[PDB]
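In structure tokens, one chain follows: the form deposited without its partner chain.
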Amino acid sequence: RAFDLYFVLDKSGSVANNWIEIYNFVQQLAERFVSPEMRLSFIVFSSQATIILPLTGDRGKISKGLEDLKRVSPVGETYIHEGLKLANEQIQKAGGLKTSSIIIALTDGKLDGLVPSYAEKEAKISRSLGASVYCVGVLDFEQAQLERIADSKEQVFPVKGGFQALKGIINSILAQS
């Protein structure tokens, strides 16, 4: 069995100044961790969510997906629940409980209105489908909001300034989740 990693990436206006940090992290994880036995998908969200790269193990498609992420221009609202929903839909189509799926959400966790309730519910759906949910926090991120989305506080990592966050997340994923 081999991992399917779903990157769910915040392109809202709030994170716009750190889009390059988000992008670099995605590339680092894809290159350092996502082996030929693994697959990945790239999803972005603001007021709408989009699959930039559908789930694939093809390294050529992954490179083209990274090029596409380079061209993203963050602006707009933060409907993270719709990004999670597109990961869950692909997970369901791949076989739900029969897959080893990992969701990695890159966000500041700055959510309003009913969006926290929607996001927490969609992440509980992800766990029910057998996925482990991670959050990688951007800027002055909301620790507690990320902890209610990720499986646990041990699966929340800062994108910047943390001690060995990349190694830590790899180690976490490999230890099952």
Given for the second form:
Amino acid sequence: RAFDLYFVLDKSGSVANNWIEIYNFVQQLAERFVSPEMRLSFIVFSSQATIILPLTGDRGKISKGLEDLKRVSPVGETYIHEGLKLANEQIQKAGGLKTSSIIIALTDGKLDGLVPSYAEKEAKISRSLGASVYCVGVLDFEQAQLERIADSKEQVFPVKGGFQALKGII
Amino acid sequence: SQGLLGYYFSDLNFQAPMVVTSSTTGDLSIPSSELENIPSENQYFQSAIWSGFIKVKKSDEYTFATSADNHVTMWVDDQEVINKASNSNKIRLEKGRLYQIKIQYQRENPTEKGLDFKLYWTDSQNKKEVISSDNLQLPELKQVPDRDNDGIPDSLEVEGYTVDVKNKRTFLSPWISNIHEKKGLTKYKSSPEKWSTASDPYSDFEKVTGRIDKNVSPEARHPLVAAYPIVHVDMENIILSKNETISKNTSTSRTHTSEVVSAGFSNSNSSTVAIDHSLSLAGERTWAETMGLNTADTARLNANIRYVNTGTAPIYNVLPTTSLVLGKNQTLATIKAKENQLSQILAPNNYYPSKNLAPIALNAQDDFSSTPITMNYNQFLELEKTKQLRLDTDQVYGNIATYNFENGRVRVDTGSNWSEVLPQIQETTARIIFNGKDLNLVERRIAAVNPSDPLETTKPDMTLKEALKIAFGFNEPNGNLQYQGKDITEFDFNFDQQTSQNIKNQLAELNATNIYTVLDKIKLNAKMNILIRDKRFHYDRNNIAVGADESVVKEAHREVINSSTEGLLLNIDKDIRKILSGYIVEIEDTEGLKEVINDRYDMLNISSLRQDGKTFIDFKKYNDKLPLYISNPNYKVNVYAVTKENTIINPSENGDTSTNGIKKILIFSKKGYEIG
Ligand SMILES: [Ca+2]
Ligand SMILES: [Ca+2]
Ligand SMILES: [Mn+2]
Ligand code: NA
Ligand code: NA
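Taking the form deposited without its partner chain as the starting point, write out the structure of the form solved in complex with its partner chain.
Every chain and every other molecule in the complex is listed next, the one we just looked at coming first.
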């Protein structure tokens, strides 16, 4: 028994000077969870959401996904809900309640308009499918906003210093 | 206004009129000074006639007298009062009653230019003065050779006349080639058989003399340009809700429907409304989802509107009635205004209510009994899918403010109605629809001949050149007919099917292959329709400009005043802006790979106008409010314009909301280091 891991990555303009913090965080998680039983997927979102790496355990594909993430130029609005949607879709198709699934979202949690409520809803859908939602805060992230997405404050960490904590919690 | 209508002749026998004018008092003189537009030899007046009424303020006996009693006959209510001598005859006059006046003057031996002539009266206490201002008034010139009773002598209307403004007086004088060309006043012609040559409510004389509603368009003061109102509804914003919220701006355009490549025939009023397809709030999706609208619900609609008069005459007591329409022909609503309770007047080139005031709401909030405007589910999806409405406005305009010759005032006359006048205008004029002002269709009608009517035989000839000048203000500063810096050849001529044949035959008859060569030779007839359109643009079937060639679009963006990670500052021409629904910003890598910043059909509204007149194309607006971060100076920032005809207004059938697939036009492309 082991895990399916979903990276939901904010590439909006508001985090562009910190893409490197986000990339590094992803690489360093991809390097820890190297077991052949583990599968990862990389998702990026700004004003659209895109699967950069479909859920997979092949080591070559992941590596290729990382090179891909490295090329990201962050720009756009912050439609986090479209990122969680793409995670949820892949989870649904993976067996759903069958799998041990985990979403990690990287973002400053700075959401506008109807995005907080659509993220909240997508987050709840995620939990309804047997997945846990974690949020790793970038910069001066909005604490409350991320608590409303993640399972609880237990699953909300700063990016800076939250690799250690996040690996023990697994 | 004034007193007696005066006609001055250079001959001795009432045959060659040199001046038609009126004077406010008994001073009927025309000094040397005022004869500048009369040939020198013709400045010797050998006879004159005056005509009108006196109302007196005190009943009494009066003696009339003039400066030249031996040269004069005078009648008062058809009795002679002076006659070939200082026939000094007391006559009773009661106050409040009007008495017809006619003075005749014949002088063989004219030793002086102009005329020095004064009409006097003496009361029974022997006080003699020049008759003062509030006694003499004009003859009733409502529907001495003057067949149509407008006041302008038949000979002048047919041969042509100049209208010259003095200090108070208007001078109406015959046209002479080698004097009036040099000075820049127009040659008027009118029908001696038609009180209003344009068939409208104001006479040829009222028009050129300014005895007319102050609100009639200045061009419609020319007797060959029709004065009538043209009204459509302009919608500003709409609010949609679930019936027991979506707020969007709208743009509206008055419309003209061609047929199948050909100008149309109908005289209806219509406008089409575009509902803004750009986002209001950050996460928004489908209108339906934002609202909570399920399959059996209804939606309610409310909107702000103004009326718009693009005609040439005002409206006073009745707004036209309007159907709000969805799709081809689902009337959602009738929009009525309370008759005879207009809060202002609806003037040419103006709005109701005027721009300094709040607009009208389809359902005002005070009014608990206003009719709700509802949509069924299916219709609301239609509205979301087409984002378009149409407003059909009838031509019912109410009563007319006409001139009254006993008051000298302009008043709304309850026997005068625009419904009776409009058909006559439509029947006896040519219609030109022209879009050069700001690409809005503006309509004008010009008096023209029906070649088949035996009584139309004496109506002025109308060429296409004159019609454009007098109706729209094209002019010829340096040999070329133009409108505001734009040559006539920058505009396309399109005609209705029948006009088209007529024009084509005229050209063949002329051996001309090109209409621009022979604009002064092409004759207009009644019932022609001419559609004149800026050549830079593409037009839909309603004749709204909806796009432009890629080349034109690219050229209009050449002038890049300033560029930066925040956006572009450019000078773009007001017409071009009108045809762009938005812009797309894209970053490109060394290897040609592309990523749109504002990557959603509803995020293209990033351009805005500045007070200095310049356009800002705002990179921050959908970049979480920040300048673009260009990690590599060898990347390009490409910026694309999207035309109206190319706008996507909803997600793809497959639910794809990106800019993927949009026909867009490259208008700027620089590298990181080339911008700064
Ligand atoms: Ca006349
Ligand atoms: Ca006339
Ligand atoms: Mn952001
Ligand atoms: Na009038
Ligand atoms: Na209308």
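Here, rigid core means the biggest group of C-alpha atoms that superpose within 1.5 Å across both forms. Residue numbers count along the first chain shown, from 1.
Remark: with the core as the superposition reference, the CA shift of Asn17 between the two forms stays below 2 Å. Once the two forms are overlaid on the core, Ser35 shows a Cα shift of 2.1 Å between the two forms.
Once the core of the two forms is superposed, the Cα of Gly161 has moved 4.8 Å between the two forms.
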